[PDB]
Amino acid sequence: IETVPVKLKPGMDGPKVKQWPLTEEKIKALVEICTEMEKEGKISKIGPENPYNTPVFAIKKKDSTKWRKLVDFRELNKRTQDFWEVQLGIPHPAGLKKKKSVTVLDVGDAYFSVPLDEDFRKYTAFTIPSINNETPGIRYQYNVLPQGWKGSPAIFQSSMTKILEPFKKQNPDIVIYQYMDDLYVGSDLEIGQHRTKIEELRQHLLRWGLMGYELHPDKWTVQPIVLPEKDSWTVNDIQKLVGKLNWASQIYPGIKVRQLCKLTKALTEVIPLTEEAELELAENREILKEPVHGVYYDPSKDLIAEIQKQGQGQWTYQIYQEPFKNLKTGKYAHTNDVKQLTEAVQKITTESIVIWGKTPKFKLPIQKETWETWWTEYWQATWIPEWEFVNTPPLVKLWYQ
Amino acid sequence: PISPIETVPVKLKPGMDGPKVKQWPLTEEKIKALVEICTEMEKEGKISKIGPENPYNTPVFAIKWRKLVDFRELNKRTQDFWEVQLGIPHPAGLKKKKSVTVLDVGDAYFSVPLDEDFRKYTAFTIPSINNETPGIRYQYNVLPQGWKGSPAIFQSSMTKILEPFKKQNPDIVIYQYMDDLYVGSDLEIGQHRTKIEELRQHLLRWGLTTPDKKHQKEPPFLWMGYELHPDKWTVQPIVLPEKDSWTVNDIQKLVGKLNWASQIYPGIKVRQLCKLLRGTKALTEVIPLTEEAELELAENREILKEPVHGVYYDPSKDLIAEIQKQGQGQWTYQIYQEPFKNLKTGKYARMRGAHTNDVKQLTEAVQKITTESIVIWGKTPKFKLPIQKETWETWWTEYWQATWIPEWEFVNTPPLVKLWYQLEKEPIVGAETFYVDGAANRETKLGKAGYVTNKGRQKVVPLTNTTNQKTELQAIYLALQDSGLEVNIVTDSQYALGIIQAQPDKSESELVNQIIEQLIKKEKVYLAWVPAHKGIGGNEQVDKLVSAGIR
Ligand SMILES: O=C1c2ccccc2C(=O)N1CCOC(=S)Nc1ccc(Cl)cc1
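Protein chains in written order, with UniProt numbering: chain A, 604 to 813, 829 to 881, 885 to 954, 960 to 1027; chain B, 600 to 663, 670 to 1156.
What the hints contain is simulated information worked out from the structure, not anything from laboratory work. Where a beta carbon is used, it is the ideal one built from N, C-alpha and C, also for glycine. A hint or two may mislead.
Taking beta-carbon pairs under 8 Å as the criterion, some of the chain A residues facing chain B (in silico) [to be verified]:
| no. | residue |
| --- | --- |
| 1 | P624 |
| 2 | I734 |
| 3 | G932 |
| 4 | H960 |
| 5 | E1014 |
Below, in silico cross-link-like pairs of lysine-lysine (PhoX-like), each with a Cα-Cα straight-line distance of 25 Å or less [said to hold, decoys possible]:
| no. | chain 1 | residue 1 | chain 2 | residue 2 |
| --- | --- | --- | --- | --- |
| 6 | B | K765 | A | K612 |
| 7 | A | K621 | A | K648 |
| 8 | A | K648 | A | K725 |
| 9 | B | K610 | A | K610 |
| 10 | A | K880 | B | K1139 |
| 11 | A | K880 | B | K1149 |
| 12 | A | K631 | B | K753 |
| 13 | B | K973 | A | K989 |
| 14 | A | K703 | A | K645 |
| 15 | A | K965 | B | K984 |
| 16 | A | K665 | A | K610 |
| 17 | A | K952 | A | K703 |
| 18 | B | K1139 | A | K874 |
| 19 | B | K1126 | B | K1023 |
| 20 | B | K701 | B | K610 |
| 21 | A | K621 | A | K989 |
| 22 | A | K725 | B | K989 |
| 23 | A | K725 | B | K765 |
| 24 | B | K1023 | A | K858 |
| 25 | A | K946 | A | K973 |
| 26 | A | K642 | A | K672 |
| 27 | B | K1111 | B | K1129 |
| 28 | B | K753 | A | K648 |
| 29 | B | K987 | A | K631 |
| 30 | B | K753 | A | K725 |
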């Protein structure tokens, strides 16, 4: 009943983003989903007096047969921040990431309960397109907290807390974190025990409206830049070897590339290892597997993530706020480059969320057009991260093998 | 008439009030013309007389006699509506129909009500002989002619009106475009005329009049440059004039027309006609057509010699998209469902890369078509491409960029696509090793490019006007010239490495083109990178003598 007076940022204006062209089947899917939704009064038709728009996509449940409507509130979110972040921000517990097992529950189906501030519904306008633009296209707006909008959880906390309260008291060691449509609940319990506690939780939620994701963040480890062990180096081998050693130099204070250096010359020519040699990498090896010195998460400076294509279903990635001072770096491995990259992103984003409570902005090594064409075809998550397209500097790809 | 449809709530922008621009006296007859027109509309309900209350007024005037009301201020002050300009169906996406007929709505805008609470803002004044006499006050009761919101509220009004009929007649297709309605169906001449009368009547029930069978209108149709038959479509008829002298403007329009034709005409090219343009010049300047251009216009005229038509989309069949390499950087494609009954043609020469090769260009073209196929047909096409599925995997897999082509398959139509050279993955044995290096004085803009070898050799050719970068491609180039069929090269320039490591087969760069040409002559080339300003026996060495003086 009580509606929370949502108020856009001072000056800023509603979103006006074009609807991306959708395939026939997703349209059919959406027209069905939406006819149902308005039937149940969650959304309403809207006239041309509403100039706003947000893109909408169709995704398939959890690689199943059932379609799920997905709204792209990226833009609306950027213009509502102050509200969802500084206003009713949700605190991020550092404890989460240390737990043995974290389950991810989709609890977005609960927002449809709470009504949206009538005065704010207009900015949640969205369009269902049609093939070849033969029919004008169906325009709706939300009458209730929409799923992909950071405003919802912010507004739903009072309820969520109420809901989770009893369970939290009976399980004060269990950590629960909320981030856009999803609950992250983690414990140090043994698998079976944990899983029971999730079900026991599921029944609590059920009383307010309906083994999700098995996650083990404590077992997440750094992908140390690795130096070859070889056995008999050549000019080339050592050359490339100092190459990346130099790169690492720019990160990991203490890396020493000299000794190797002093060691005109043919490319194929093999060369003996120097007493001063082993000394080097040996120590360079020591560091590298250790965490960066001096680098720290700055809660006010958002995270940027890069991914390089190492070919062969292999993908390296780093996460950082200032180029080269990275908080984390890992790996990931019918499958296609775009299929895998879409998974790599979701994987990277989920971890990011667990750790810092926010998504990174991705530097995707692909063609915008190509990504925008296909990304939705393999996407499953309920959120969308900020991305951006770029070109993997040849040498980079190599220094992260 | 005036439709009984419910009105759309309108509003001015947050921090603004109605318009209040004063009326600038008109001439005797213009006054007379207005008074006539306004009385006529007034009887019809289109406008109304208002008391001196309405503090609002927007200028009005007449032109030879019709009435023009300038709405700039009301506009600027009104609001924003859902864009009406979104997307124009392409004819090639249309399903074939049996009977097609087009109805236009008379006085469309004036046929549709305007929000009551907003009518006061449209108030305008009919001036007396000069001024010095109040003046006839009028406000609008329906969508005024040049006011934003008319195009939008009308389209909305028309849709909601068309709704019920559509519901009661799902098999019938109706497309609204401005004052027009296009109506198709799979019925025979008699029985479709019945259904159209059932429509006109329905439409009149809502205040919209349409022309009767008598003065209707039959296919073909001329829409947005197309010619639309119920069974086939083509671009509007077009004649390439025969001329001795061609102005820039002449060739401008020509290039435009050609591009539009290539929507259905296969083989159209405009590269040689576009070159003729390159470079600042007045549109009246005559440009002599180069020899290629003269011929280009020839064939172009040839493929346009005979009318050509595209077929319509059959939903129950796959789309076959076919692509051909025509010239350099030029790509053409066709899309059909039955071997060679095209739905639409197309070309593609867009390549934003400074440096690029065929396999990327081909993939880019495929991407364009893919997306073009999505909006038009809502499904993705099967591709036939002039590239071996092997010569694609090789690339796909080694390249650092993420790709993905829809279901495709080889089609052998020369010229085929391939990598024109491969860089070695490992060093070469008994191959001269060239440590190349570049230099350049920022001031003076002069520099020197050279190399040193494990075989003792050394060079240092000096260059004139070049950037620090060019003294790097120039050197790696050098190394290529004086080297054997089989050589490895070491640079400190991730720039050159980057450009060269992605196997460019063409470039908008004089130098890069030569390097490519050279790369193709060799048999094994291995390129490597070292960090500059370390103690690398070679890089340092070539640095010493390349940076000696002028650096
Ligand atoms: O989308 C349109 C457009 C666009 C431009 C012109 C006419 C029509 C039209 O009738 N519609 C509705 C669908 O028409 C269809 S499916 N098939 C047609 C329509 C019209 C004609 Cl002349 C031939 C085939």
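Would you check the hint for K946 (chain A) and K973 (chain A), treating anything up to 25 Å between C-alpha atoms as holding? 21 Å, holds
Please verify whether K973 (chain B) and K989 (chain A) have alpha carbons no more than 25 Å apart. 22 Å, holds
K753 (chain B) and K648 (chain A) were given as a pair; does the straight-line alpha-carbon distance stay at or below 25 Å? Holds, because 22 Å separates the two Cα atoms, which is no more than 25 Å.
Is the straight-line distance between the alpha-carbon of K880 (chain A) and that of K1139 (chain B) 25 Å or less? 9 Å, holds
Run the distance test for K642 (chain A) versus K672 (chain A): straight-line Cα separation, threshold 25 Å. At roughly 16 Å apart (the allowed maximum being 25 Å), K672 (chain A) and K642 (chain A) satisfy the hint.
Does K874 (chain A) sit within 25 Å of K1139 (chain B), going by the straight-line distance between their CA atoms? The hint holds at about 12 Å.
Should the interface hint for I734 (chain A) be scored as holding, given a Cβ-Cβ cut-off of 8 Å against chain B? 4 Å, holds
With a cut-off of 25 Å on the C-alpha distance, tell me whether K621 (chain A) and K989 (chain A) pass. Distance of about 23 Å is within 25 Å: holds.
Is the hinted pair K987 (chain B) and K631 (chain A) satisfied, with a Cα-Cα distance of at most 25 Å? Measuring from Cα to Cα gives roughly 22 Å; hence the hint holds.
Within 25 Å, alpha carbon to alpha carbon, are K725 (chain A) and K765 (chain B)? 20 Å, holds
Decide if the proposed pair is consistent with the structure: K703 (chain A) and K645 (chain A), CA atoms, cutoff 25 Å inclusive. Not OK: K703 (chain A) and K645 (chain A) at ~38 Å, beyond 25 Å, violated.
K725 (chain A) paired with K989 (chain B) [C-alpha distance capped at 25 Å]: 46 Å, violated
Checked against the numbered hints above, the structure violates hints 4, 5, 6, 12, 14, 16, 20, 22, 24; every other hint is satisfied.
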